[PDB]
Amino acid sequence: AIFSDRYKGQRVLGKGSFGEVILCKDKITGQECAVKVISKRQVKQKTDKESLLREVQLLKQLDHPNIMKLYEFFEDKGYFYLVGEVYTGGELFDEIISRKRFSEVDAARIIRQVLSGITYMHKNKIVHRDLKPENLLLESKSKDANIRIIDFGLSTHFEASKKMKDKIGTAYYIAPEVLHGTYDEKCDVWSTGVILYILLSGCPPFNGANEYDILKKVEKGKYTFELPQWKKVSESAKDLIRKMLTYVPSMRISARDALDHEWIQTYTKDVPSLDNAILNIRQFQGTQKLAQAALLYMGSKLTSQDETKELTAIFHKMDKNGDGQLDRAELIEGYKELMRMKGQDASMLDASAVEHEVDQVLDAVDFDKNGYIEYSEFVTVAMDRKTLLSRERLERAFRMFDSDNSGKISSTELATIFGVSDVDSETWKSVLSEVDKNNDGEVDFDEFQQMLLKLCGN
């Protein structure tokens, strides 16, 4: 069975752990699904084929309201196609920051759902290991929507990326025992404890100016509740967090036992709003998403340098007599040749999607698609479109982060952003000196963009 014989791509949702995720549709039944596409060249398997196939077969039979439903699995020479149920509510934290109030009742209802999901998967001997806020999706845009946990089962069968653009926001949530090599299902309880701590305070329990500093704190395992906003929080919530953030996993509370904890029993069956927490989460989230967007922008610029020259070289080879003109079918053949090697665009997984993409570029530049075309102009527009989309994505993240609409990001804020982005301190300061030549101690959007261009060799 071939994935593209059955499914057509609608639109790219985004890059998640291990691969890009595409909204797809069954060509016969019209069923919509969310397909995670793992490139075999970029991601290495940890287990054999026997093991992976059996896991998939088990997962397809499992069913729980707080776990993503898996429908199908496909494999070809280059990729794995993981076909799951599509959820439309987005990431939990993105919904949380938009609401006016947030209490321990809201938090307890959220955590009960997470613990219920984890409990169920643990009964079936499946461990997540990489549990974090971006793995908590809302089933729909409804106010009361269930949480659906994504990526259960993946870490067991695939090695994680070492690229920082993939490792953003991982260090806060990882259990200490995962760092040293001996771990079991209890690591998921630790990660949920970290998430709970953040839900109630808006600040990570283990924090630092860069990834390795965060990991050092995690490894020591020590945290406190001495921040002012913990005065608002019930002792039972702090007691549960303690039990989930117990260092020795054998002494740490199980997921199933946490469901029976006083705090869950009291607050899920009077309570003020955690206003300081929601403000801190908004800053946390904003900071995290801008760091991610920065890395993705820089990644997109490098992909463009690579793809522009490769696409030009492919068409040069095709252009036999060398007059620079190729027809639409040839442009498709060359663009296929390109996306064939590169694992960048997952929405270009079959010939039909490539035909469509080529037509969109020709329609943008007002070139007639039924005659011969100046390929060098096609390349420029095809790449400039991606450059523009990348620029616009970054800008939206910049505006989101700039919550007072000042138009600026301060040096203190840059340190925070670049710290999360794990860009070396003297490196970004060096680039800031290049861009900020009046010692303003702040950058507008274009200046920020220029700093990022200088941080990826431009």
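So that the term is clear: the rigid core is the largest set of C-alpha atoms that superpose within 1.5 Å between two forms. Numbering follows the first chain given and starts at 1. First, how it differs from the form deposited in another entry.
- Of the candidates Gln31, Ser39, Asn66, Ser390, the Cα that moves 2 angstroms or more after core superposition between the two forms belongs to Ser390 alone.
- For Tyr87, the Cα coordinates differ by under 2 angstroms between the two forms after the core has been superposed.
- Once the rigid core is used as the reference frame, the Cα position of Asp366 differs between the two forms by 2 Å or more.
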Given for the second form:
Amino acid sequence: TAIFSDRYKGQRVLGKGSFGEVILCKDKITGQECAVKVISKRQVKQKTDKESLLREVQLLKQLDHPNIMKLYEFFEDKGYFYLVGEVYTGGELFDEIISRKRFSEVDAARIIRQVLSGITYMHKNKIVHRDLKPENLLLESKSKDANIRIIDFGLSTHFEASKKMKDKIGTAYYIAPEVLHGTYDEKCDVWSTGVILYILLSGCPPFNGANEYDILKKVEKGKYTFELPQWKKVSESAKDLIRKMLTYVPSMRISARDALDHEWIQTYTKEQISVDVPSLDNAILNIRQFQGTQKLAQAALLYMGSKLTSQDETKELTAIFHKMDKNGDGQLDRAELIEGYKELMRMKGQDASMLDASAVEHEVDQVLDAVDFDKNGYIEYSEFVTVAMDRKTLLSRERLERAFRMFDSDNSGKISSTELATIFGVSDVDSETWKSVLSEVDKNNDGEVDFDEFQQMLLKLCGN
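Given the form deposited in one PDB entry above, produce the structure of the same protein in the form deposited in another entry.
Coming up is the bare chain, nothing alongside it.
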């Protein structure tokens, strides 16, 4: 057996995706950088058997297309799967789109042509994505002209998706109705693409509602419309492609390959001809609102989740250190701190950033440096615990504030109760529950909260 950490060292965390964390890693010999998705066997159940997973992996490694993330290697130990792929640095498509001041049907067609081209290739090799959405579209690099790379093609077949809301935010909008009912094939990827296109040209989901379940009720019915004012600025051709992608009965829905030949793709991807090409201003602003809402809901859930974890780990670490403290004096040396923190990791296993003993020792050392000023030999286990854990939550509280500021586009310092309803609907926190909480934070509020109040609401909503 090949051992992942014998070949790769973790450099830093890139982000969190479907099925687990993605870590930027480096080959210890060749210096090659790679993005490694680390799938925790305890958090993510397998749908297929080992034999079937190894065959898919072997096939995925041999496929190459400019719009599909490249998979290089695959490893498995006792606790995890490690999927080693190429690293891309351009970020999510929609986060790039919202930074633009101009965006036209030509831009949307360039985008969707890449996606269809990647999908067409994968379907020829009988691989289905199933969970296609804007988050799965990454830009190769931060350059303006960057290609799209679809991530996670094929994983849904072998791993069961999380039922935690923090993991399924913005999933409901894109799922094909046949996937909900159980009989699906590769045409589900065209539907998801169709939803994405609708969003690109209007900035609003064709199937929408106040919570995950209302969205699904709309998807399952299959009915949508083009009556938004900003569709008047959109070519008839584009709407026609959309109708064909969003056709309810999958045998009647256009194939990926045929969608590539559609008049709209043929017309608006000719690099020269701007026969009539206005900028879709309302769309871009709707997308910016959509995206800020999604990101703030997501950051709010991860904030709560991080706060629940830190309650768990603080108490567990303290009990581990307490038992290691044979003196009873409350002190421990470095190796013991390392030993208990590893004992924590052995139990916790939510920390893919700590891929080997080398990772642990350095985290401990960051904290021993952090104990303000240093006496070597006898360390107050109590303070190390506070600092180790504050460290763990940083990314998530800091991210929460950032996302609040980004959602507050007029810099008003506040979010309205109408806005709270939209955020909490997307986060799937019941309506009665969040108002009761507000009422307790600020008994006099007048339909808006500042950042501190919102944060206090989140703490109450996770039992603090």
